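Based on the sequences and whatever the hints tell you, model everything.
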Amino acid sequence: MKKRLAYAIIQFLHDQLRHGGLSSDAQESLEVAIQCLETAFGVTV
Amino acid sequence: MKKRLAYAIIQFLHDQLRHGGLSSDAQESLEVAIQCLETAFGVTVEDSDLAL
Ligand SMILES: [Cl-]
Numbered sequence: 003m004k005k006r007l008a009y010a011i012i013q014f015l016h017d018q019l020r021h022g023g024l025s026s027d028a029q030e031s032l033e034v035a036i037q038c039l040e041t042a043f044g045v046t047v
Numbered sequence: 003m004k005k006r007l008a009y010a011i012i013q014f015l016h017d018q019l020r021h022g023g024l025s026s027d028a029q030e031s032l033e034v035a036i037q038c039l040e041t042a043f044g045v046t047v048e049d050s051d052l053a054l
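Same order as they appear, the protein sequences are chains B and A.
Using PDB author numbering, the letters of the first sequence correspond one by one to residues 3 to 47.
Using PDB author numbering, the letters of the second sequence correspond one by one to residues 3 to 54.
No lab work stands behind these hints, which were simulated from the structure alone.
A few of these clues could be false.
As the list claims (entries may be wrong) - Simulated crosslink set (DSBU-like; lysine-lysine; CA at most 35 Å straight-line):
| no. | chain 1 | residue 1 | chain 2 | residue 2 |
| --- | --- | --- | --- | --- |
| 1 | B | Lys5 | A | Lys4 |
| 2 | A | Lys4 | B | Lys4 |
| 3 | A | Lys5 | B | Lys4 |
| 4 | A | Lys5 | B | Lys5 |
Said to hold, decoys possible - Chain A residues, not near chain B, derived (Cβ > 10 Å throughout):
| no. | residue |
| --- | --- |
| 5 | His16 |
| 6 | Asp27 |
| 7 | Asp49 |
Even for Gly, the Cβ is constructed at its ideal location relative to N, Cα and C.
Okay, here's the thing in structure tokens:
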């Protein structure tokens with residue numbers, strides 16, 4: 003498992019929610035993706 | 003998010019699903035995360051019929 007790269011991506015995606023200015027529909031899917039990724043890689047932000 | 007980066011990210015995740023040594027639970031979560039990112043960022047890698 004490439005844990006550090008996955009963790010970097012998880013941090014980046016969290017930031018997209020807070021500073022990324024995405025659309026509502028993209029935000030809904032992204033929120034789900036982040037929850038799933040934290041389970042997949044065993045690391046949270 | 004830049005489309006090029008989104009694509010690279012999803013490709014990395016697909017590779018982790020096949021080679022990351024994740025638990026069964028983690029693999030399922032990863033498969034769903036892929037669906038979600040494809041929808042969120044408007045690019046496809048795995049293209050599952052399951053993606054909503
Ligand atoms: Cl496959």
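Checked hints:
| no. | hint | in the structure |
| --- | --- | --- |
| 1 | B:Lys5 with A:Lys4 | 23 Å, holds |
| 2 | A:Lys4 with B:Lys4 | 22 Å, holds |
| 3 | A:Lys5 with B:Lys4 | 22 Å, holds |
| 4 | A:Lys5 with B:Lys5 | 23 Å, holds |
| 5 | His16 | 12 Å, holds |
| 6 | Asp27 | 7 Å, violated |
| 7 | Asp49 | 15 Å, holds |
The earlier numbered hint that this structure contradicts is number 6, and it is the only one.
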